[PDB]
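Read the single chain below, which is given as structure tokens and is the form deposited in one PDB entry.
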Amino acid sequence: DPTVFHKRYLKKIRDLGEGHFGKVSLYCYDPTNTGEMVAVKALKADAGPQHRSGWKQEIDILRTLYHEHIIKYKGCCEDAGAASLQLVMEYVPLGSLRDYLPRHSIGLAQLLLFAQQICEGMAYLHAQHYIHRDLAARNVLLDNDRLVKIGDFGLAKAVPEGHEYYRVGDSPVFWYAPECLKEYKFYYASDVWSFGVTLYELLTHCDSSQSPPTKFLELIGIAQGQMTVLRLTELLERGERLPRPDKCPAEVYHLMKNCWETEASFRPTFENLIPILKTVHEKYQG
């Protein structure tokens, strides 16, 4: 059953973040009056046809998802001037792990709990026959209780019923498995590769000097898209991998490497990752 927010009662507070197709801002929704704080995401200015269709897909997908570790869809708002809907979501005031981790002292057990929660949301997503396609620390958000909420479903897709992959502008190539780069196939297992990269980001505390783009660009250089993807594919097929983060346990690095098996069918499922991460979280907790 639909929920409609009325622009007449939305009062902008501040900007929060920029995703693939939309910008997110904080609003007070006050049909009285104070009222509820909500996040509102709107189609970016100068959006072309391809962007409007991506944006429509994002709203359609998020409208169907309902889980403790997926950012909560609240409703939509019409913007008649844009001829487009605006997406209203819960407000999660700690923002993304990309912005949070560099600014706080966080232990290994906490990082592994974040990872477990990411796997729980992703196991749910895959249950529902969607792939995310940009599973990266920038898109993992934290609520006031530091509970993980996966966000930015801008690239997400329904995997055609009867299949284990979706056949695929600017892609987040430094988070992508070789089959995505080379075969233009995005499997459920391709999101698991991306999770491995995200886990690497968590263990490096989202330090920019250690980031996946920094590490790969050191080897590939700035180049055109096609050349970048070719060079990246070659490195990955030859077994090149992101290094073990300082202070990362051997078994946690082995977990990353398993998520980065070149052959997709050898990677763990998100369902299996849940108890694996639970186990290592408890181990390093006490």
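Numbering follows the first chain given and starts at 1. Note that the rigid core is defined as the largest set of C-alphas that superpose within 1.5 Å between two forms. What changes on going to the form deposited in another entry:
- After superposing the rigid core, the C-alpha of residue 278 moves by less than 2 Å between these two forms.
- After superposing the rigid core, the C-alpha of residue 222 moves by 2 Å or more between these two forms.
- Core-superposed comparison between these two forms: CA of residue 263 displaced by less than 2 Å.
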Second form
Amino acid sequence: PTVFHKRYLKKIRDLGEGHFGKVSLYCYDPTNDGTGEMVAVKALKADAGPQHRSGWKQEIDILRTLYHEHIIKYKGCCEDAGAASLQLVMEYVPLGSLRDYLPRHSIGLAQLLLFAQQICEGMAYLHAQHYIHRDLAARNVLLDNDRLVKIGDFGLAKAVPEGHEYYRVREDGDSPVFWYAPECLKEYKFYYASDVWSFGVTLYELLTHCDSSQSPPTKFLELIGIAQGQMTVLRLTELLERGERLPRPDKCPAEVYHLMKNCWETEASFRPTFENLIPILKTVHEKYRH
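Now that we've seen the form deposited in one PDB entry, could you pull up the form deposited in another entry?
Only one chain is given; partner chains and other molecules are left out.
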């Protein structure tokens, strides 16, 4: 509901880009003294078409209705006269995403399992609100402090109508295919269980400290090959249907890899829900903590 006046917004730096969104760091200082809050402002590029504009409206509408300790905090909106739409104002998390933080900070196993438990808590809340995230990846998991994680980026999020188990989307170039379950790839159907598959991929990213050489696109493309014409998604669907999976990260405990593999069941109903994962991850974190 809050309205931020463009008048008092001072750009500090960009945090994320590019086609078709941009996240920037601003100081919102109405007193003009410097005591003003630091905010992360997400803007829709003025060049964006109707499809991305109706989607952006949905992203703001969804984030506005969500309230959870593991979901990025919505602060309000700013009128972007130049766009012309709304700029999404949210809390700024200094440590950034796990994708940017982990390659530079060796975090212990216990802490990574805590982040994974918190991701499941935030996701179970999201699923109880009858929404699917559709872009669950380490790049979209923001770190508030060494012990606290927050899910962001609701750009692909959708409301799943009551009584329905899935939502159908179309063939898109920006689809994060390397984080997607086979039902999404082959039938274009996104179930609550499809987000669980993406969590298994996110859990794999965390256990690899988001190392680029071990990332899901890197590993799947080494399996698929780069001279496949328009067939990368087809070869991906085929390798997953044959039971091939991302490997066990170095130092990942066997039980944790088995949990990962269970999130990667080909049959969507054989996967645990986020509600089932919470006590499991609480127990595993407790085992590994010291």
